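Protein chains: 4
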Amino acid sequence: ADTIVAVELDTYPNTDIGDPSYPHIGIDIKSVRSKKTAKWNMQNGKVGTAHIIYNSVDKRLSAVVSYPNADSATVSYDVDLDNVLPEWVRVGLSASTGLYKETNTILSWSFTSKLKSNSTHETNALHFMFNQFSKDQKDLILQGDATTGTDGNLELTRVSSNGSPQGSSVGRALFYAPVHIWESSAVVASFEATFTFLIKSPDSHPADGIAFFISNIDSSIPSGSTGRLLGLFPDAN
Amino acid sequence: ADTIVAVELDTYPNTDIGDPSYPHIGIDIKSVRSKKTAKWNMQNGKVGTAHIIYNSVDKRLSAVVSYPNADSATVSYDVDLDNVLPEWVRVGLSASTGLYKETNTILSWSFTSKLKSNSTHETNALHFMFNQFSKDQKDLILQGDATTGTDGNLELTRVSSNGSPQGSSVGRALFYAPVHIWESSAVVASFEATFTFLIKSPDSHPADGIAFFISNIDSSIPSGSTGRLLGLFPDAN
Amino acid sequence: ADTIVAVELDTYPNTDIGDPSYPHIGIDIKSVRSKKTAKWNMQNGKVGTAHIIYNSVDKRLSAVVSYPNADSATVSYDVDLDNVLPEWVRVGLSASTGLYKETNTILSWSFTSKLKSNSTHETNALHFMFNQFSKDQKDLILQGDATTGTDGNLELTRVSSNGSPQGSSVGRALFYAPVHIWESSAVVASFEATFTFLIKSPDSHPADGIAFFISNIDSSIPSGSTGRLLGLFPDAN
Amino acid sequence: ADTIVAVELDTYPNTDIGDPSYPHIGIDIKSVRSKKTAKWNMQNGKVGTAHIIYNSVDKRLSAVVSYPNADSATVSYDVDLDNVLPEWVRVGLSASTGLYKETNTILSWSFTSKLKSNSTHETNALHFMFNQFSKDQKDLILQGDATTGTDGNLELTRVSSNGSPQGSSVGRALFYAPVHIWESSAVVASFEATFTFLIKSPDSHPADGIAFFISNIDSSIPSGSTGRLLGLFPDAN
Ligand SMILES: [Ca+2]
Ligand SMILES: [Ca+2]
Ligand SMILES: [Ca+2]
Ligand SMILES: [Ca+2]
Ligand SMILES: [Mn+2]
Ligand SMILES: [Mn+2]
Ligand SMILES: [Mn+2]
Ligand SMILES: [Mn+2]
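Residue numbers (the entry's author numbering), protein chains in the order written: chain C, 1 to 237; chain A, 1 to 237; chain B, 1 to 237; chain D, 1 to 237.
A hint or two may mislead.
Given that identical chains are not distinguished, each listed pair holds provided it fits within a single copy or across any two copies.
Said to hold, decoys possible - With a straight-line cut-off of 16 angstroms between C-alpha atoms, the simulated EDC-like cross-links for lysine to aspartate or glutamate are:
(1) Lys35 - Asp19
(2) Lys59 - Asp78
(3) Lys35 - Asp80
(4) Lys114 - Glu192
(5) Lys135 - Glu122
(6) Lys59 - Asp80
(7) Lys36 - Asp19
Read the hints as simulated data drawn from the structure, not as lab findings.
Using the sequences plus the hints, can you model the full thing?
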């Protein structure tokens, strides 16, 4: 089994399994049933941005989602990732569609993690920034229905020639290199993530959502995780 | 008067003004009597490191102070700087000695400020890093007894020709350019500062401390602020 | 007088003072008569990008100006800046109009300088990035007709309410803090500059140009530097 | 065979295959016989620093190697990597010993690559920094006798338990993720690499050297490339 820690941008309310009755953003720790959630005033057809942050001093996983000139949605949860996740992990982006669908497009993605290990001036750091994706992005691990190059964008789920969303689709993108998320010797550890997305459904009835996640290096799409399980969990517990 | 937000590294206990009875680390918001403090096992003669962090999402100001292979001191305070400070500020380092003394030497200093706009993605940033100080450091505003180039180091208080600390001394060093610490349109705003220091004392007990501060662009050293006022406050209120 | 090292994006061909007979880009060292020019196919009304780079190992100042989905113009010049400029300088953008005119709008500006001394890891660095300009941009020194905040942009020369450019106009924007561009104890030194611009002439007959420049700390606009002198030089010698 | 572009730090003079008669730094493109070399005053037992740089505008690979308060060695070669290397590559460090030996210890290593493509300032970037190596560095591909965690350093060739180097040794360390080194839609492309090293030898003469290299993704050690071939080439052609 994998260990997933995610920040879902949930477009469809699945009250049958704990989702509030409106689109929302939330923090998921080893389960699809969020530990915290916030109402999200999603805008069909508009590009948004998600900013997720974390540091080992405060120990709070926070996220902000916004649209230009609109209001932002924020969610936070006090969690000590050292007691939840492996020391080495992989970071990625995931999306799905079920009976209902939307386009789960990624226009840009950035990530930075730093580990100050006790010593002065002895810091390990990792940073990548994709402002454009190519047909053969050799530094990404594509899973499910994910593809790159489509207008220099990253399409996580299946979209037809006529730019139309398809149902029952799941796709993930993981950065190639493993990331050292925490350590014991470190005096300060922190990470920062950011992405811009374009979710649009012609019927104006979207599903199911996008999720930024952190997992064990060898994570793969669970069977049956289409739709409401955001391609991250095996069951809805 | 000036608007001061500071993180003090207080080496002497002036219990008559609130100081706990032991060296400490504290967060000062417009008053010398810390809002929250933490015990700090200062190590005479050793180079230590401090890291200060803040972001508009969480609205918490945190600090960690350590020496390699030893424990760390942490102190945090929930404060919405939008209500305390002006939109444009200057950042600096301050230090003082009174009846007792110590060296207040800075070996390195870095700062990073970031502000993401309302019309999402209009990120503006400022970053400076000093791992060495020149005799004529034109990008710093030195106030009081502060001098640079002294071994490639920044001395905040007066040291003698033979390297011995001096009493009744105050000095400050401010970066030349004003910083846009916050905005009403920003989605996310955050800063991070790091400095290494060497505090050495030849007498019974060290005094008085070093402090990282944020002020109004035109801040000057308050009259008589040597000793327990750390070059930042005019009175002990 | 002042010491000016500049990269001019010259819109009007003044053959009488040495300008080639078409819009061009050139390297200027203390004179308006470029040491090296390259033909530039200016595109009226379109946003362009200029990248300027330099390092002390190669001792080459190069510049690339381009427009999306269009070919670019490059120009380089071998010059040891240690012999031309002072140690501490100021960086900026300058523009002008004369009999003919154009809009000289800047949409973004970033600068990074690094100085690696004789100390392992001991690099000093400065970085600033403006992706949006405020009405009261306290970290800039505006000279002449330059203003900011107008559409979140920096307008180097005068533009009337109805968006119409004006003639006989001059303006300059310089970053507030002095920059240590070179140092004798340096193993390596280098800077990188980038800005996006919009030059539009409703008459389809533009003049005079924009320039990225490096000067002495207290540089000011020369008397009678309007038009062909781009606000940089006091004569055409 | 693989495709190799390397910057060598050659401690032993093999004049029989072209080496100058003294320790040197050189630029290798597909062959062990450097295209250009420069005399290097290697200091046995001391920590040195290597700095490599390249950009697509000037098309010249340069390198500087130095020790604190000592002169530096510099080498440059005009080379269009677009014509030598594939689009996707891997970067690493390589070292070897033969009949003679030395320690090929790496104390830190950083790399930064930037790629600006077909848009109004659309950059892609990758940055990594190791100021300390762990016993299990998941983001590095170790080959041959290379090992990490050894006092937090990286030892490229075999060292004895007491601390003495072994002969006939070879080892490499490549960063885990592929790097998009060049692209046809790019306006500008550039990279910067830096590492500090420690070569000590109890022998009458040290051998054989360290090399910073760039190769095809699936590169591995050529059989018998110990000694003078520096773990990079099959033969001496
Ligand atoms: Ca749901
Ligand atoms: Ca005190
Ligand atoms: Ca002209
Ligand atoms: Ca050799
Ligand atoms: Mn949910
Ligand atoms: Mn106190
Ligand atoms: Mn000209
Ligand atoms: Mn050689």
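Consistency of the hints with the structure:
Proximity of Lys35 and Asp19 under a CA criterion of 16 angstroms is satisfied intra-copy only: 11 angstroms inside one chain copy versus 40 angstroms between copies. Taking the closest pair of Cα atoms, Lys59 and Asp78 come within 16 angstroms of each other both inside a single copy (6 angstroms) and across two copies (14 angstroms). Taking the shortest Cα distances, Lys35 and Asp80 sit within 16 angstroms of each other inside one copy (14 angstroms), while across copies they are farther apart (25 angstroms). Taking identical chains as interchangeable, the C-alpha atoms of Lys114 and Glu192 lie at most 16 angstroms apart whether they share a chain (9 angstroms) or sit on different chains (12 angstroms).
Taking the shortest Cα distances, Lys135 and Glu122 sit within 16 angstroms of each other only across copies (15 angstroms), while inside one copy they are farther apart (37 angstroms). Taking the shortest alpha-carbon separations for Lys59 and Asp80, only the intra-copy value of 5 angstroms comes in at or below 16 angstroms, while the best inter-copy value is 19 angstroms. Proximity of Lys36 and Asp19 under a CA criterion of 16 angstroms is satisfied intra-copy only: 10 angstroms inside one chain copy versus 39 angstroms between copies.
The structure shown violates none of the earlier numbered hints.
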